[PDB]
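Here's the letter readout for the chains.
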Amino acid sequence: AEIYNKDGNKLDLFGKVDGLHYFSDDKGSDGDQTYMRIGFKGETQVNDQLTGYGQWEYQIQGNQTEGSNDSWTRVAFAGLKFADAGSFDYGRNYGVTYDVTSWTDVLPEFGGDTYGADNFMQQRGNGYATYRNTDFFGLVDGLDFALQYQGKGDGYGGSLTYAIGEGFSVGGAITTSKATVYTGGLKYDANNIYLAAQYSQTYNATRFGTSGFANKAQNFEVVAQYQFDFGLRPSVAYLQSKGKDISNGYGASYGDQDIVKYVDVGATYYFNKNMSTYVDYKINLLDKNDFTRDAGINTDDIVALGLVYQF
Amino acid sequence: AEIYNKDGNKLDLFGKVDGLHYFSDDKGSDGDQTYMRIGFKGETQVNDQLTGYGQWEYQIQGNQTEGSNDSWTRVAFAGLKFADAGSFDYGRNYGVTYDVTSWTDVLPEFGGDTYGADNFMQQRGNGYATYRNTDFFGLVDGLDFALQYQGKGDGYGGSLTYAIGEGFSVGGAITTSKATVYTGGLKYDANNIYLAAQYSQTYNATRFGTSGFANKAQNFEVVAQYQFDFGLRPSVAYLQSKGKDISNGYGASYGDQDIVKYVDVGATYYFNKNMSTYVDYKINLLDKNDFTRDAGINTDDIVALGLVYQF
Amino acid sequence: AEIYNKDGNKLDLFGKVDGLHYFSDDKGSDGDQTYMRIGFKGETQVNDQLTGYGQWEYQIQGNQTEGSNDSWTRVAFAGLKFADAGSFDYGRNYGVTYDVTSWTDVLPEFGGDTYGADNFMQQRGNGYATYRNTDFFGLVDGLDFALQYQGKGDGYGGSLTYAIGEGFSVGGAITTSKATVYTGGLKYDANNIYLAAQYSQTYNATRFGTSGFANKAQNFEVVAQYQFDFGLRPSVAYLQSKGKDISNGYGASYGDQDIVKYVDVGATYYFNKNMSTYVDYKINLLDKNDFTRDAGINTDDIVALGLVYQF
Ligand SMILES: [Ca+2]
Ligand SMILES: [Ca+2]
Ligand SMILES: [Ca+2]
Ligand SMILES: [Ca+2]
Ligand SMILES: [Ca+2]
Ligand SMILES: [Ca+2]
Ligand SMILES: [Cl-]
Ligand SMILES: [Cl-]
Ligand SMILES: [Cl-]
Ligand SMILES: [Cl-]
Ligand SMILES: [Cl-]
Ligand SMILES: [Cl-]
Ligand SMILES: [Cl-]
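Protein chains in written order, with the entry's author numbering: chain A, 1 to 152, 161 to 186, 206 to 338; chain A', 1 to 152, 161 to 186, 206 to 338; chain A'', 1 to 152, 161 to 186, 206 to 338. A prime marks a further copy of an entry chain.
So that you can see chain A by itself, here it is in the shape it has in the complex:
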């Protein structure tokens, strides 16, 4: 719902209320995961040349019992667009990495996940000062590039997107907080088809489950998806992350073990643009073992069912 438009100032005010339930043995899965989002995009125009924006999107849980809060700013930032010289926007905002990682982040419930938000760049973060440049100066059509800075520690980022005309797209991003991480992705967006795959390499994953970081991490994800016309986007997808020599902060070592790996059958049923329902079944592969045990890492297969209502 875009709620204000007068004198070159547009303000949209989105929200969703997803009521959903997990089913799995792992007792910190099975249960209600209902939550809602309240966000707001914004726009102010001055001039022909430049347009000023500003955005904010919050996630508040509705699974938590009364007297209790669960919530975080998903993003908050404010920027400036200059016509043909792209944009600058400072504040809590998706890492440049996510530019290419996002292509695989499209499953009905689970996905992305190999990185976290505040996983030292790969999804969101704080203090982020991005510059985006779209259509390379009005010069090379279809080629967009972004160069980022993260706050604290320090980090630099770069991402290069290219849809080789058509629906084929190639994806490349490098991110190096101070601990570099790489990323390549491919996506095919055509005749109600969606094929996307991406993977990446890193120095340290740090902030991971509850057990420190490796010295090398190897994450890969891929999904195929069709868009039926009565509304129904059955998605099957696979992703996995592998480790290296990993510390319990102090000592511990845990070594060479899988971090996450699963196949995913999923169906998202779009009623209309504003209401969806979805069913999602995570086919988990990981074996309940010391690494997973101590670090709380989910070893059980789960299946989630949810009724999303947006705006």
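Bear in mind the hints are in silico, worked out from the structure with no lab data behind them.
Do not rely on the hints blindly, as some may be mistaken.
What the hints assert, rightly or not - Examples of chain A'' residues toward chain A', derived with CB under 7 Å:
#: 1; residue: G39
#: 2; residue: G42
#: 3; residue: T44
#: 4; residue: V46
#: 5; residue: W56
#: 6; residue: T73
#: 7; residue: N126
Beta carbons: idealized from backbone N, C-alpha and C, even for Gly.
Following the hints, complete the assembly by docking chains A' and A'' with the ligands onto the known chain A.
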């Protein structure tokens, strides 16, 4: 304030800011209780037959000093209406019990209260999957029935409402998380008159003050109210809850004591639909004693005065 | 963005997203300070004579990492205007003192500060029941006066504003929670000029850094500011607070030391009404010493740069 309506999508965005002060000796009463609510109802139509909704209402305190948060999702859920086959809506939502208990929940400040929110069904809760059916299939006019499911533990619910034409209404609901609870209510809604009374019986009340649960609990409430035409709804009301063999979780026992009992004189003065003022005087009866002492249960008479502004 | 107007009910819904970064050695300065505000003013008219309002403005940080909340109700209250007999509004609301203190609270980032919010009156507070009277009964034009009450402990307030025609304004307020505090201010608002200065005297400042209160506190602030016409309001400003015999709650004493003192060079660049950018450089003077050390009081010079986007 309904803020968007285009193409069969309605979104209303309500809020209230109630500034109010308590007066009583009990030092965790006397004082400011100012708070605000921000909610949003929603609607998307597809088709003749079915309409998709979604709702959310938050209560944030304004009594708390700076650097501090007090807040909870009052409700969050998303559902589906099918024309003549009623509705389904999953998420944080009023227990089916409250269908009939609500009839007595109408006093200017205090009331309801014999149950809490997260009092194992009787008001709100989490994980709730309700089905409502109104006008019994378009067949029996004036007869609505709801059947519920609570999340975790597990629970089942059923509520049957009937306004015997006129303004007379009979109310019946049974709820049994796993610990059954019963409920009958009566309400008379006519010529600016409001007479409502309800009571109920239970297995265990659990989550109560700070001291475990009984083996049998007996709660009853009744209110009469007139609606004067310059705007003024003086309400007098009485309610009370009695206990059984009650544990300090471990041991303790406390036995057969009153849980809450009071008479209530109250006046709600409606200026216009959007601004009210109100005065409310709780005539408490409970005696400050071991049960009440240790369990913090309010034994003092309080009187509250507040200026509500909605939207 | 005023979002509803129908039938004498106006509801405005403001917000800002300020993305800004501090630069200083003090490690609890240098960094991201991004935050957003979401507020809402309201209005309902009934009648010729009286109009009912209600307000709410929240500040949520966007500097905090994910799974984490930072936030407070800036204000929440609801009131009543009677035409020529001014207004009453109860709830979390700026102390009457701030009526005159505010004149110096106008710098691009830092300022005000000699008092805090919940600094026993001088800025915001809880339980506040204000009465404002503007234009002294329609009688003495340009003379407004406010008389306040704070919640808990108890307090009384009074503030007298006068713009001696022109842009010259004289300011006077006294506030005495139970611990009196005084205030005089002067402001000159004319030909794109802004000159304002205020200072005040107190009994106890209490809630200050981390170290109790003095027996006498002496705070003074002054700013000059010009409004260039391409948009640019370079502001230079100076303020300082001095102490008396001050306790670590228990014992400690710390004595006669400066509390805060700095000169401020600042520029606020208004693009259009809805987007600003700003640069601000706090020239701090305080010496890192026992008082400051133990009480965490910022002894370092900082400079902040931010892109605000309102609505
Ligand atoms: Ca493009
Ligand atoms: Ca398995
Ligand atoms: Ca009916
Ligand atoms: Ca009594
Ligand atoms: Ca005036
Ligand atoms: Ca210095
Ligand atoms: Cl919190
Ligand atoms: Cl999120
Ligand atoms: Cl991870
Ligand atoms: Cl509530
Ligand atoms: Cl209870
Ligand atoms: Cl604030
Ligand atoms: Cl201070």
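So, going through the hints one by one against the coordinates:
1. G39: violated, 11 Å
2. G42: It holds, given that the least Cβ distance between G42(A'') and chain A' is near 6 Å, below 7 Å.
3. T44: holds, 4 Å
4. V46: Hint on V46(A''): holds, closest Cβ of chain A' at ~4 Å, below 7 Å.
5. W56: holds, 5 Å
6. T73: At about 5 Å, which falls below the 7 Å cut-off, the nearest Cβ of chain A' leaves the hint on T73(A'') intact, so it holds.
7. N126: At 6 Å from the nearest chain A' Cβ, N126(A'') passes the 7 Å test, so the hint holds.
Figure legend: structure checked against the earlier numbered hints; the only hint not met is number 1.
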